[PDB]
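Only one protein chain is missing; all other protein chains are in place.
Which chain is which? They are A, B, C and D, in the order written, and residues in each are numbered from 1.
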Amino acid sequence: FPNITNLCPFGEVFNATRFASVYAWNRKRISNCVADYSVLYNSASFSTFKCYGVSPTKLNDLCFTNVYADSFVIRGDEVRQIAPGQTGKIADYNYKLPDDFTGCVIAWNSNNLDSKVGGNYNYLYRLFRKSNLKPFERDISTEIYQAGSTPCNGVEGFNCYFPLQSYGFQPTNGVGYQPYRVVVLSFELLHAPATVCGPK
Amino acid sequence: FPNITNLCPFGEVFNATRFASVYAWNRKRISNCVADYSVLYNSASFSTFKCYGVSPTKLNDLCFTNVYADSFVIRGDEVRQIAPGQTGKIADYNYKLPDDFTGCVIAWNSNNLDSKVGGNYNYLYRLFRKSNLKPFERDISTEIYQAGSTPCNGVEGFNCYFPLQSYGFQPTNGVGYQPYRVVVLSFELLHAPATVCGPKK
Amino acid sequence: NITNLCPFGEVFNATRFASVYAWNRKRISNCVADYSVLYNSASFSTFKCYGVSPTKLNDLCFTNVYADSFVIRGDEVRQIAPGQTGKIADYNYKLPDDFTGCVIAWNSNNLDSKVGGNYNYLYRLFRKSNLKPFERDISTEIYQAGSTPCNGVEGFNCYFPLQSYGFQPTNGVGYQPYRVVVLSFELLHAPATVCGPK
Amino acid sequence: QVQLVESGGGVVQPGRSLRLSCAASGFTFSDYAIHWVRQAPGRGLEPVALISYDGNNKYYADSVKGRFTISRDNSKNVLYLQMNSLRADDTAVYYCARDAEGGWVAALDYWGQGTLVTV
Partner (left out) sequence: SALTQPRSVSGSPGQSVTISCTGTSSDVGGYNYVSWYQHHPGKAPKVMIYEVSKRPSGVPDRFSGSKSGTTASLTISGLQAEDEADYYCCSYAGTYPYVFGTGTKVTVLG
């Protein structure tokens, strides 16, 4: 095994004060450290701890290489849409998971930090797009949407909608409309040496 | 595709102000029209859209022969019971789907438009039955069910109950007890002249 | 053939059903129970169950069956149910928020409620806190009401936490005695023991 | 250690204006909404104003709307309530309370001492 011992920065990516909006889901690369997924699984805070391609209990043993973490905030009801082979508004125009996905998705309610009385409008999601997103692709550009058969250059007039729509998170905003923080860890097993995995 | 121009009446069945109770789920036959499922696929208002035997994206290219829209209203947490090979209290006494189902199920919350303060008792579902329902079979009989040796007749005695019972939907109900409107589109790929077809050309 | 024939008769018929606060607890296991007789009998005023349907009890098995019986007042028979609140639901007998059993309750005015007055069934009335599910309390210490520390002597702001029901034949159906027995089924890790007659 | 105080005010002639300042300490001030609640002598409590975390949104009671203004300065960690055209019915004790936001939903966690204002 590798002789490195520095702990991976899971705390600051999971405990981060602010999570990026879905349409600009925050991407981070973790490597050259020692991770401990046992603590993540043990905690009961995570409402959903789904995993494809690897059983969560087996994580501490298998040694991966160059792991990636994608974090964002979404609506509670549509949390199901974050899964391979799942289609929908967010799954299409915002965040698409590849079918051959080998990783975990951890989703937990964050109604106590992201929902506020005035109405948290800092979280936005793309609503209109010409074509569905390719897997693991981010579409941050947004100028105008054309749905009126006219060259609607730069005016949000009739049949001219802003691609991004803001959420309306509030503390009393039901249960399915409450914000949920979602972080997906994507692994890989390439023809190259490992760089990050559990201790032994 | 055949030269047919029309719009399938999905609007009326999806926006109807009245949805029949589970035990009398309302069935409509749709044929000879050009359905555009995408319009309802992208509505983004359906809390559950599960298609069995057909990929929702591919639907626009399919060319069926008969469409059957079966609509009703079910409790929240019991929506999962509406699915092939499922068993429970509604999947076997009120609405049974065939094992080889080849349609789609669209379920969406309707708490605001159905439940009213003090409870709503206009929706009734069967609670006791002698035998489980066969696939796509509706029973409207209101015979008294005797759950005991005593052979009663027409009297709601100690061991004789009214077969139906009221949901009692009220706004102050957590998710799982709120009224959910459900529509089942049972397609059929029978080897007969296609009548309902997707818009291609 | 069928043998054992679990002794539900002793727990149901009985003769000196215990008071509510010191509610008894009989354990049934390693036997073949017969719930059909209980279900068919019409003497039981109430038989509403939780979870398992009453009819489908026979074709089932459990690790243990706990029969907890007592006598209460008719008007408050409703208090014996999950999520309910009240004197009995708080200080005498509280069912768990989730329940997987049945409750049987029937009037017993003839057996109990002597002409002069029973005064033999006592229910706890004062307590400092609530009761956890399936928790007895035979405590018999004077309950402090105000600030004065009751030195084990009944007096002002110092009440004995047991008030006699005092059943009488003419109290009226509302206040007449009601014998109640709640059956709870435990499907623990151990092999299933109690089963239907088949 | 959450702590809210208010400077308050004293006697004001009818039809004049007044200024009330509430300061908070012990928590991230620009993270929780704020409520101004009123209690007249011999009457029950009733909200009079509400300001969100950033001050973009304002809300007032129908019986007080159109004459009370509310603002918040996050940098200095203070909030202000301006009253105009004071009427005899406005004499009461004012509380500048904090909102649970995403904690105890629809609850006011911590309240200040309050200040009495007489016309």
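By definition in this document, a residue touches a chain if its C-beta (ideal position, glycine included) is under 8 Å from a C-beta of that chain, and two chains touch if they have at least 3 such contacts.
> Identify the residue among A:31, A:38, A:132 or A:172 that touches the chain left out of the display.
From the options A:31, A:38, A:132 or A:172, the contact with the absent chain belongs to A:172.
> Please pick, from C:1, C:15, C:43 or C:129, the residue that touches the omitted chain in the full complex.
Considering the complete complex, C:129 is the one touching the chain left out.
> Would you indicate which residue among D:46, D:73 or D:89 is in contact with the undisplayed chain?
D:46
> Since one chain isn't shown, list which residues of subunit A touch it in the complete complex.
117, 172
> Using the touch rule from the top, list residues of subunit C that touch the missing partner.
85, 90, 126-130, 143, 145-147, 157, 159
> Name every residue on subunit B in touch with the hidden partner chain.
Here the touching residues of subunit B are 117-118, 170-172.
The definition used in the following text is that only the chains that are shown with their structure count from here on.
> If you average the Cα atoms of subunit B and of subunit D to get two centres, how far apart are those centres in Å?
52
> Distance between subunit A and subunit D based on Cα centroids, please, to the nearest Å.
39
> Which residues, counting only subunit B, touch subunit C once they are in their complex?
Listed in rising order, the residues are 147-150, 158-159.
> So in the complex, which bits of subunit A are touching subunit D?
My answer: residues 111-119, 171-172.
> Note which residues of subunit C are touching subunit B in the complex, please.
39-40, 42, 54-55
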